[PDB]
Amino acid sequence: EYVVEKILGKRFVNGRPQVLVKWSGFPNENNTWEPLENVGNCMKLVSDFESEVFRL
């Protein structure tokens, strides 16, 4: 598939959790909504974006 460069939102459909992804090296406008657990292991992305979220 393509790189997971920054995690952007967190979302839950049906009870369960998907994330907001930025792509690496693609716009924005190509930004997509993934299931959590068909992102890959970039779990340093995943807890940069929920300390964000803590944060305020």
Second form
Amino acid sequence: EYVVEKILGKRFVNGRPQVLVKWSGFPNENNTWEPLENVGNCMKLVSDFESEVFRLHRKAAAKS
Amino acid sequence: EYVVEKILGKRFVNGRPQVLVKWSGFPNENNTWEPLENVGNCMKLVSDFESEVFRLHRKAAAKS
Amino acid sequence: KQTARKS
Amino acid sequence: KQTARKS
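Switching from the form deposited without its partner chain: structure of the form deposited with its partner chain bound?
Time for the whole complex; same chain goes first.
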């Protein structure tokens, strides 16, 4: 288990959610996709990411 | 901290994500909205919920 | 076990 | 601390 700096993306693989993890102390080159089941101990960063997605969805809505 | 049976909904409050929690051993009448920051220990149930939302989003897409 | 904090 | 398991 490693310290997480930020959550950068979200996707589904075979219908199951994953998130893109920037690891603290590692460069972005080593970012990895992880099952949402793996990130229970960084939900503040996951919430930050979710908040940003919603903000962008609201923008896409506005422009439509 | 209580055992969670299921996650039933998701919303944003002041831009921050929350989920609707069905508590194990409690009737649905006592379901509560909780900050995503609170549910790190039930990410399997959160992943189950996310999977279902995606499935319904795909359906809304298909029908469009 | 799946658990959560209650606010 | 914010941490996660690495797969």
